[PDB]
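Protein chains: 4
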Amino acid sequence: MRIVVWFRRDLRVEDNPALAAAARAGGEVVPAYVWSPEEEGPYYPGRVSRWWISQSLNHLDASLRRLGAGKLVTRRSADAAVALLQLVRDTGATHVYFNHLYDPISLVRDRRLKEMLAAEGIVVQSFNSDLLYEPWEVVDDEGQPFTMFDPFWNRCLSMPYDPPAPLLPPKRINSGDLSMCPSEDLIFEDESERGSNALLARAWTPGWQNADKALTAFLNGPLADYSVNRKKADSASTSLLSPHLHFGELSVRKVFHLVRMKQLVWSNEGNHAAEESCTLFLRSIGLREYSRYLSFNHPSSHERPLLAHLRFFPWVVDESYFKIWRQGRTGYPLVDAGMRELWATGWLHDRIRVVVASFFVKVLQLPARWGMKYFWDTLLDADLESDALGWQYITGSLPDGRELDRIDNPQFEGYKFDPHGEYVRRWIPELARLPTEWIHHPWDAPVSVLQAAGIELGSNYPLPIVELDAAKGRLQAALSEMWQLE
Amino acid sequence: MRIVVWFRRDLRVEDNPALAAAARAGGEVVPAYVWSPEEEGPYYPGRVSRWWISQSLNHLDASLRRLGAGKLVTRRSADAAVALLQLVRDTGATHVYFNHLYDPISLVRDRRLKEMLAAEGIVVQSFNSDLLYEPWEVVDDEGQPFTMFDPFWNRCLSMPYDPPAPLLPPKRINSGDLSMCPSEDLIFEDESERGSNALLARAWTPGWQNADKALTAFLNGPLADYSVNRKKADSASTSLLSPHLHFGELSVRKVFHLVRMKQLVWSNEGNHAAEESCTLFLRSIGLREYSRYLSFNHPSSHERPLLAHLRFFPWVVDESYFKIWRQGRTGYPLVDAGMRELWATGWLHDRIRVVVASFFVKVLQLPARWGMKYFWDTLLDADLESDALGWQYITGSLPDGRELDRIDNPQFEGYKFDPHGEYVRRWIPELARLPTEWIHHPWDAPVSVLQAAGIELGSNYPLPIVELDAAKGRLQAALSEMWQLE
Amino acid sequence: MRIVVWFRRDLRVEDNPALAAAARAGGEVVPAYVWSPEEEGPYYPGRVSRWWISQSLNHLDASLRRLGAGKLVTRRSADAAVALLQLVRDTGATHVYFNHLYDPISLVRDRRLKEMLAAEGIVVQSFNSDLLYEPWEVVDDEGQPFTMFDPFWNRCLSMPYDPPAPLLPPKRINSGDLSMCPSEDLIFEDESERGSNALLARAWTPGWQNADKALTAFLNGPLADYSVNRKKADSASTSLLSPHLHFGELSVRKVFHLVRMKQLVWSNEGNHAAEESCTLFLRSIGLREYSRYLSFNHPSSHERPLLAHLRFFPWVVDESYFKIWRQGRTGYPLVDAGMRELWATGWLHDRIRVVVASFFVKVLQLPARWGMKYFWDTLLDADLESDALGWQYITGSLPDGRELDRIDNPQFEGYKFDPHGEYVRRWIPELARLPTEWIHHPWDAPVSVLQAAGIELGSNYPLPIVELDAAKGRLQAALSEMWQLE
Amino acid sequence: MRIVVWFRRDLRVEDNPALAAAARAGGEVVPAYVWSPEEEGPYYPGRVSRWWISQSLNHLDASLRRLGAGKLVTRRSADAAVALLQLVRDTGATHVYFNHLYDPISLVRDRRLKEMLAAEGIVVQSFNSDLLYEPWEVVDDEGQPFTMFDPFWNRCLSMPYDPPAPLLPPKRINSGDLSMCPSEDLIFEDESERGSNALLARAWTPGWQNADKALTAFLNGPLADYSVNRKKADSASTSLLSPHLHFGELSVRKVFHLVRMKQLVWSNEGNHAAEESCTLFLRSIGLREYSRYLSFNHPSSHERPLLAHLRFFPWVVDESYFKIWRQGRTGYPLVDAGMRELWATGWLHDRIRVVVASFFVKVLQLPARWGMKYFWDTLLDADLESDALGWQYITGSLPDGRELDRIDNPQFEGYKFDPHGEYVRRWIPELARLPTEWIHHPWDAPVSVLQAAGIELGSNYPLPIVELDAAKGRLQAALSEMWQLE
Ligand SMILES: Cc1cc2nc3c(=O)[nH]c(=O)nc-3n(C[C@H](O)[C@H](O)[C@H](O)COP(=O)(O)OP(=O)(O)OC[C@H]3O[C@@H](n4cnc5c(N)ncnc54)[C@H](O)[C@@H]3O)c2cc1C
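Residue numbers (the UniProt record's numbering), protein chains in the order written: chain C, 1 to 486; chain V, 1 to 486; chain F, 1 to 486; chain A, 1 to 486.
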């Protein structure tokens with residue numbers, strides 16, 4: 001009843017530097033979650049990403065009632081600023097203790113939020129939660145922002161001062177009265193998909209308590225061989241904690257500590273593989289930090305994301321091709337098993353997001369905004385930076401890699417990410433007897449080894465809708481339309 | 001170089017009562033395997049059942065060379081009797097120590113084999129390996145054979161004398177010379193399927209050494225709850241050792257001992273569930289013993305198997321329906337996941353052989369000899385009795401159960417064998433988001449819960465080729481053709 | 001109420017070939033245990049060996065009530081023959097189904113028992129339980145008994161016929177009425193040691209159910225390295241099941257089966273160490289079988305045991321020396337830790353029975369009947385053959401080994417049985433800092449390394465009562481009294 | 001070659017805030033260990049405490065060479081200040097980066113060290129390593145130090161600001177040249193006890209790498225039931241890490257973090273026992289922090305330790321009584337097993353230091369400086385504060401507990417610390433058969449239960465040198481000499 005913390009994307013109580021700075025403030029703290037998806041514009045957050053919030057908020061209530069604090073109130077309005085001002089009015093609070101995000105749509109909203117509340121009479125203070133450093137204090141030589149990643153992260157490990165350690169969770173807090181503020185339940189998922197969304201719990205359980213159980217099971221397990229099992233998609237040794245790390249159920253400053261703390265343990269035991277796989281796991285953590293630093297600084301993705309160097313190219317406006325690739329009647333088996341895992345789990349491996357999405361533009365030749373709006377709706381780790389950073393990288397625009405005029409060609413795009421075919425036979429079991437040479441290209445197989453395996457192309461497994469040698473040249477008939485104008 | 005043992009379907013060295021009776025015979029023993037599939041008539045043994053033999057023979061050689069004995073010679077001819085007489089001629093042997101099988105095609109061959117060898121001058125002696133008792137010494141009240149199972153097996157546990165215990169494996173044997181007999185390698189699998197058959201090793205490894213590893217992993221594991229997990233097909237708690245138990249890699253007299261020996265351990269520990277699941281596991285072992293006793297005695301399946309009370313009914317002669325059911329474009333999802341597991345593993349659960357095969361006759365209305373000849377070609381536990389006993393039982397003819405004029409109706413044929421749908425979503429992952437009420441019948445679902453789950457019937461998942469209410473009456477238009485003639 | 005089985009030293013229900021031959025006999029069986037220790041003469045069985053029976057009988061009652069059978073009646077009289085005749089009179093039984101033992105005091109009693117019962121009118125039948133073969137059917141070349149062990153056991157593995165396998169335990173039996181026979185409880189242990197005997201349960205739990213738990217924990221565990229950890233006494237890798245194997249709680253025919261059954265498993269896995277340690281474990285089992293065969297056949301230990309080639313030698317008649325060696329104020333540390341383990345556990349390692357008992361005769365020069373009567377009173381595996389076979393062997397009389405005119409000399413009698421000193425420091429912790437060179441001989445140590453370790457000889461740890469160089473010649477002053485008379 | 005760190009009692013590299021503040025200082029760092037035990041006066045550190053340093057320094061060299069840094073130089077002189085000034089002269093260093101200890105003998109030495117080096121021209125800076133807070137910033141109400149513990153530690157958990165978290169270990173450091181400074185090996189242990197000290201490695205391995213292996217094995221293990229297994233000495237569930245925590249191989253700020261971090265994990269799982277045993281483990285950690293705060297502040301143990309309210313009382317000057325209690329010929333079995341564990345392991349439980357030391361003064365009536373000088377010589381966790389705080393507490397002088405005019409009386413001083421007698425029978429196995437009522441007092445036993453257990457008092461187990469009812473009044477004849485003078 002003195003200060004408020006309102007969570008936005010930090011759904012945790014361990015080392016949260018707005019709740020722990022509320023416990024030692026002396027007065028009473030009441031928490032909050034204002035839900036306004038109409039403010040976020042075209043980035044109405046997901047459809048299974050909206051499922052994760054409703055099960056993580058209810059996990060946060062029973063984890064924060066045991067520290068005291070009564071409840072976690074949840075209000076709903078069109079914009080945050082009317083609802084948050086009505087919250088300090090209803091409760092009679094003096095401060096607002098939030099922490100700044102780095103979306104280009106919330107950064108304009110946060111200074112607009114700090115402009116409404118401070119002119120009223122209450123005082124606010126922002127903090128730094130889901131980032132190692134802050135993106136304005138990391139600089140290059142003179143004063144500028146970086147424009148690449150490998151010059152950037154070489155400054156990020158060789159800082160003058162180390163990142164601040166995970167500060168202690170609070171001992172106990174107090175709300176005073178749990179009934180002055182009339183909280184209300186609110187819908188997140190639709191009523192037609194009230195039962196079809198509960199089938200994502202076969203692989204994913206949300207909550208902050210399951211975030212550190214998933215972290216510690218990775219440190220003892222697959223971190224010792226992350227340097228070699230990084231690309232292989234058949235085994236689940238790739239630390240499936242990015243939905244925890246996107247919604248702030250796991251702090252980046254704790255994963256940076258515990259990996260570095262046990263890098264020293266393996267460093268003086270002669271394990272040269274397990275110490276190499278710790279500098280390569282923190283590099284991937286730095287890719288998350290670089291995407292937040294990119295949308296805040298100089299490029300900024302100035303008005304909308306999915307933007308670096310295109311949006312003329314003569315795409316086919318065929319909706320039924322978007323009905324085939326979404327369903328998976330595509331014939332190319334590696335982009336077909338990846339398109340079935342995304343629907344069944346709400347999850348893909350990073351190298352399988354490489355081949356599913358690059359097939360969507362370079363072979364199928366569809367507009368890339370149809371690929372984002374489908375990835376945005378059914379995925380769990382669907383943020384505004386990394387979905388914009390990754391689509392930028394795979395379809396080709398950072399001077400980092402994965403250029404155009406280059407189709408996937410799954411003959412050798414599969415022998416690096418899936419050597420034995422344990423990923424194709426897991427997800428399309430109608431292809432489970434092809435002897436691992438034609439499991440990545442059944443249309444290149446002779447008729448004798450196909451009729452022996454029980455696959456008749458056309459009835460059991462569909463033909464490729466677009467041939468590989470066709471779109472190897474049909475792209476260059478369309479990509480030359482860039483190179484006459486730019 | 002004195003006596004010969006020739007293995008037929010007892011590919012093991014532990015408690016084999018023809019090899020152990022060859023070690024204590026004093027002289028030298030040479031083993032053999034004569035392969036004549038042209039003698040077996042229409043029962044040319046399998047196509048993946050022929051894969052299991054080629055990998056179990058080579059497992060038997062390296063397991064019997066370490067007892068001595070030099071080699072395991074393998075000859076090939078049209079009939080066994082010319083090849084076996086040429087074997088005692090080439091090696092100068094005096095005895096033949098085999099053990100009698102119980103196929104109606106080998107029982108006529110065995111007395112024909114004993115008729116050729118004894119008239120030459122050499123002496124033979126048969127033994128009893130793959131059976132608990134012998135089928136002529138188990139009798140009913142006066143002198144007759146039984147005609148049912150539950151009167152039969154009540155005599156089989158209440159015998160005057162117990163079955164003979166597993167006699168010790170031999171200490172060491174000797175062949176003398178490993179080069180007098182010019183052995184030859186021989187083909188089992190085709191050259192077109194030399195690589196597609198090696199993909200059954202993802203679930204099955206043959207050999208007698210893996211038979212007791214699979215047995216002991218079941219006694220400590222799923223035997224404690226076999227009485228409740230008997231019908232459920234989603235979990236693999238059903239002791240997958242019938243391909244070991246068909247080819248004689250695991251003796252029935254050892255499984256009867258070790259289950260009964262540890263039934264006593266659980267009997268005086270208060271475990272009333274784990275002692276009930278031992279009388280129900282030996283009952284299923286007795287179903288194997290009853291099928292061998294049935295083809296030898298009174299019914300005998302007199303000239304051919306797949307025979308009890310039919311073969312008029314007006315079947316559709318449509319080959320493309322046999323191309324749909326073999327592939328699995330059938331729409332009924334429970335008989336579709338079962339039709340994909342049979343092709344991927346060469347294995348089905350016993351209650352899934354119930355619903356796949358009864359759909360083949362009572363709904364699709366195809367001739368049952370097309371169902372045997374497909375089951376015979378791709379299955380591992382494809383014998384001559386139990387494939388004939390089971391097709392007789394499920395399609396309805398023993399006074400045991402599973403009568404006609406009764407379709408499967410998977411609305412409640414699935415809630416006993418697959419309660420949560422973990423078996424359908426494992427094998428058809430294009431149906432992985434239906435909320436477990438319409439996972440067994442997608443065509444009975446409303447359009448809203450189907451478009452939310454991403455299934456559009458006709459493109460993603462095919463329609464039912466034959467409706468359920470159609471064949472519920474279209475059978476009775478065809479089954480009345482029995483009841484005017486019989 | 002038709003036949004009786006009376007247990008003597010076969011306190012088990014698994015593969016007991018008098019109870020299982022009572023179940024299939026048709027009539028009702030009542031079990032019994034007649035306790036007459038006054039018949040056994042000087043071999044009144046033990047004082048902790050009498051503790052093991054009272055806790056194994058009560059374990060047998062609750063293990064045989066669950067098969068039916070009502071009770072296990074226990075009567076007490078001076079001789080067995082009056083009590084057993086009063087038992088068939090009280091119950092009206094027709095047969096007596098026991099199994100013959102091989103003590104020279106029970107073999108004369110058994111034919112005296114068969115002489116009383118058969119002349120009355122009832123019929124008896126003996127069986128073979130606690131032996132592999134029978135000692136009259138194992139012969140040498142012409143017709144004679146053997147006189148050694150290594151010629152004997154070479155016949156015992158190369159028999160014409162294998163030993164009979166473990167026959168199945170009974171399904172269920174029936175006593176009919178549990179109150180016609182007025183059974184009575186009876187004392188085994190004294191009332192002064194009613195509480196001091198319950199402290200042997202810190203290491204030993206009796207019963208037949210714990211016999212196979214102790215057997216299977218050895219087969220998976222220390223049997224793979226029994227060939228190298230056979231002599232080392234510090235680690236408990238030596239299969240502590242001889243108290244189970246003496247009282248018939250574990251059949252010898254089952255241990256011969258399960259070791260031989262899994263010798264084949266390790267034989268075709270390349271484990272040359274684990275297959276050697278199975279031929280050396282069955283050799284030690286054969287030492288138990290040889291001692292039973294020795295007291296029945298030609299030497300017979302004709303009127304009393306502890307007898308092969310002595311009982312003149314001029315022993316000291318000092319009782320206080322027998323008070324020192326029993327207590328352990330002896331100074332020699334290896335025979336002192338062994339004398340403390342025997343009192344604390346009722347158990348010694350076989351190589352520690354070697355050095356404790358040979359020090360008792362060759363150095364202390366006491367009469368050997370004081371050593372048996374002390375070993376008989378406090379030990380668990382105190383039978384009439386192996387206690388007589390072992391004292392015969394270590395003090396020297398079989399042409400097998402461990403001759404006289406040879407003291408122990410623990411300088412190198414310890415570096416084979418206890419290399420690091422983990423056995424001395426476990427049992428005399430007042431010596432726990434001597435640096436493993438003088439842990440086996442503290443009196444041979446300099447004064448500086450003794451005062452640094454905190455041992456002052458005379459107050460903390462006593463001096464040797466008899467010097468080593470004294471009894472190295474004082475024996476030969478007494479052993480020359482043999483060699484003038486024999 | 002720019003700054004030096006010299007370790008004193010912080011033998012670790014993880015979160016050491018003088019080495020990590022040396023890595024980010026830019027220049028080159030060389031480490032050091034100056035060994036001057038002649039400066040410490042009567043507190044020449046231990047004889048097995050001197051063994052722990054020689055094996056932890058050599059563990060620190062191979063753990064700090066892999067971070068770079070060349071070596072760890074070790075010089076020896078009479079005082080630290082001549083040797084440390086000769087070290088900055090030999091290497092040409094500019095700074096000295098140490099961290100202040102809290103002994104009253106080093107606190108006078110540290111400001112004397114800062115007085116020599118700063119007047120030369122080099123600059124020093126101290127840090128805070130082995131303490132949670134600093135002892136001058138924890139205050140009571142007005143400005144004073146505390147005089148008790150329970151008022152003190154209630155301020156220590158309710159501080160305004162939390163203790164600083166474990167700061168990251170260094171990435172890599174550099175010495176430049178490893179041969180400019182002529183380092184020398186040095187003796188720690190005597191040559192007479194070069195081999196008797198290596199027998200403490202049966203229970204203790206030193207080093208900082210084994211400190212966190214011992215910590216994490218306690219957090220997963222016995223911390224869940226520390227609240228009930230705190231007093232019981234028979235089981236080793238009491239987190240044996242005080243020799244790691246005394247020599248600075250494990251930071252107190254890390255144990256405070258990891259216990260508090262997983263107190264939250266058990267707090268929201270319903271484990272009310274495992275969350276109570278975390279507030280009671282940090283209390284014991286606070287007892288270490290209170291003893292350091294006590295010798296620095298107001299009482300200070302002004303010129304020497306072992307000092308609070310005595311040193312007149314008429315002690316017996318008998319050296320042979322000090323030869324009995326050191327050896328353990330004392331008859332009282334609970335103080336005898338504790339006196340054998342201290343010699344065998346160099347370790348005692350905290351409640352066994354309670355009864356061994358209080359028997360030394362209140363019953364044996366010896367001067368307490370003979371008890372410290374014996375505890376100082378053979379113990380591992382022999383510091384200057386807690387050895388002074390504990391002797392003060394048990395023999396009675398803090399207003400905390402354990403007053404005088406109160407003997408131990410092991411009849412009920414044993415049924416709280418050793419209920420079954422598993423601690424007495426472990427260490428005096430000559431008493432291993434007493435039936436747990438007279439295992440704590442054999443002289444109070446009747447003769448029948450003693451002769452049955454094999455204990456004859458006087459020869460096997462010695463009599464009590466001082467009777468219990470004697471020193472219950474003979475103390476009060478000597479304690480009245482206090483109460484006439486004070
Ligand atoms: C002086 C002396 C006295 C002995 N007194 C007894 C006694 O009272 N009771 C008794 O049962 N054994 C006795 N033995 C035999 C030997 O000590 C036992 O084998 C002992 O129990 C070893 O136990 P174990 O389980 O470690 O043997 P293991 O290594 O496990 O051997 C398994 C079995 O082998 C048998 N066995 C092995 N070695 C011998 C042997 N040398 N003689 C006889 N059997 C053997 C035992 O019955 C044992 O159950 C005595 C030996 C000596 C030298």
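Please keep in mind that the hints were generated in silico from the structure rather than gathered at the bench.
The reader is advised that the hints may include incorrect statements.
[Unchecked claim] Within a straight-line C-alpha distance of at most 20 angstroms, the following computed SDA-like cross-link-like pairs (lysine to any residue) qualify:
| no. | chain 1 | residue 1 | chain 2 | residue 2 |
| --- | --- | --- | --- | --- |
| 1 | A | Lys213 | C | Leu258 |
| 2 | F | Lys262 | V | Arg66 |
| 3 | V | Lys323 | C | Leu457 |
| 4 | C | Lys323 | V | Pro462 |
| 5 | A | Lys171 | C | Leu457 |
| 6 | V | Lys213 | F | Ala217 |
| 7 | C | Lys262 | A | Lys71 |
| 8 | A | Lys71 | C | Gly270 |
| 9 | V | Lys213 | F | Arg260 |
| 10 | A | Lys71 | C | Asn268 |
| 11 | V | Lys171 | F | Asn154 |
| 12 | A | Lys323 | F | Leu258 |
| 13 | V | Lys254 | V | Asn271 |
| 14 | F | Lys171 | V | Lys71 |
| 15 | V | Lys262 | F | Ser284 |
| 16 | V | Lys171 | F | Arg260 |
Consistency of the hints with the structure:
In summary, the hint linking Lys213/A to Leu258/C is supported, as the alpha carbons are separated by about 15 angstroms, within the 20 angstroms threshold. The hinted pair formed by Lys262/F and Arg66/V meets the criterion: a straight-line CA distance of about 15 angstroms does not exceed 20 angstroms. A C-alpha spacing of about 13 angstroms is found between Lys323/V and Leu457/C, which places the hinted pair at or below 20 angstroms, so the restraint holds. Proposed proximity of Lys323/C and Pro462/V is supported: the alpha carbons are some 16 angstroms apart, at most 20 angstroms.
Of the pairs offered as hints, the one joining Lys171/A and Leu457/C is violated, with about 58 angstroms between alpha carbons and a cut-off of 20 angstroms exceeded. Between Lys213/V and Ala217/F the CA atoms are separated by roughly 18 angstroms; this keeps the pair inside 20 angstroms, and the hint holds. Taking the CA atoms of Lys262/C and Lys71/A, the gap is near 23 angstroms; set against the 20 angstroms cutoff, the hint is violated. Using a Cα cut-off of 20 angstroms, the hinted pair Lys71/A and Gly270/C holds, with the two alpha carbons roughly 19 angstroms apart.
Distance check on the hinted pair: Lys213/V and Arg260/F sit about 17 angstroms apart at the alpha-carbon level, within 20 angstroms; holds. Distance restraint check for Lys71/A and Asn268/C: the Cα-Cα separation of roughly 15 angstroms lies within the 20 angstroms cut-off, and the hinted pair is therefore satisfied. With a CA separation close to 14 angstroms, the supplied pair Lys171/V and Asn154/F stays within the 20 angstroms bound. Straight-line distance between C-alpha atoms of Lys323/A and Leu258/F comes to about 57 angstroms, which puts the hinted pair past the 20 angstroms bound.
Between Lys254/V and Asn271/V, the direct Cα distance comes to roughly 23 angstroms. Violation of the 20 angstroms bound is thereby established for this hinted pair. Our distance criterion of 20 angstroms between C-alpha atoms is broken by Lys171/F and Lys71/V, whose separation comes to about 43 angstroms. As the CA atoms of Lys262/V and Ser284/F are separated by approximately 28 angstroms, the hinted pair breaks the 20 angstroms bound. A threshold of 20 angstroms between alpha carbons decides the hint, and for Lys171/V with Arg260/F the separation of about 9 angstroms falls inside it, so the pair holds.
In this structure, the hints that do not hold are numbers 5, 7, 12, 13, 14 and 15, in rising order.
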